[PDB]
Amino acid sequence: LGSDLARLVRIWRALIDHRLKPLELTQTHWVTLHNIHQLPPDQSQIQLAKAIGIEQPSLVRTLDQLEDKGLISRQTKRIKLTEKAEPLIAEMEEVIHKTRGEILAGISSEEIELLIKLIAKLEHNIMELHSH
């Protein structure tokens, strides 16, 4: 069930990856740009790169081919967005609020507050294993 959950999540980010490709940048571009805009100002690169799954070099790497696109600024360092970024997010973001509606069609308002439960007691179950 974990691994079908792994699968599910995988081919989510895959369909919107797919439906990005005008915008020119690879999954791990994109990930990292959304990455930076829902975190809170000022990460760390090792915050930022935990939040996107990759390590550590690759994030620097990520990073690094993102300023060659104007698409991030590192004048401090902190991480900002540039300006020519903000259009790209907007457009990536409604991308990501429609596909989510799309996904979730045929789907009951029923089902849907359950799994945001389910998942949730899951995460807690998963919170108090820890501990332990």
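Positions refer to the first chain, counted from 1. Under this definition, the rigid core comprises the largest set of C-alpha atoms superposing within 1.5 Å between the forms. First, how it differs from the form deposited in another entry.
Of the candidates 31, 88, 95, 54, the Cα that moves 2 angstroms or more after core superposition between the two forms belongs to 54 alone.
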Contents of the next structure:
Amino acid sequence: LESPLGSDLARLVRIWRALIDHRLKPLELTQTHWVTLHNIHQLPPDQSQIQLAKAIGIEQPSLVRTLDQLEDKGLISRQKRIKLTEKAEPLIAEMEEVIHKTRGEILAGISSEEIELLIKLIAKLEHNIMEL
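Can I get the form deposited in another entry as well, since the one above is the form deposited in one PDB entry?
No partner chains or extra molecules come along with it, only the chain itself.
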């Protein structure tokens, strides 16, 4: 088709992130940090590095500086598997609450069956991509 789908989506995702970044600044989480912690939070327990980078859609080595920092601030433990600490729990719970609440306002006036099709479509687009 003619329509610039990938850059429409890429803009949307940038402005949605930027809204969240603003709302989370008091927590002085940077983008990369909350993105990565959120991702850890929505995965099941004990992810390998490799599962995490994949769920994010990035390549490990970029993941590693971000993880190293989080480990430095004691947010995260590794023994290569990944566990949120006791110490990150209040920070996470408040982060997730702002993210959840922002999603409810973003999703306002969009029907569940419309959101359900978006999700199934995202899936197919990604499958095409991975198949290449």
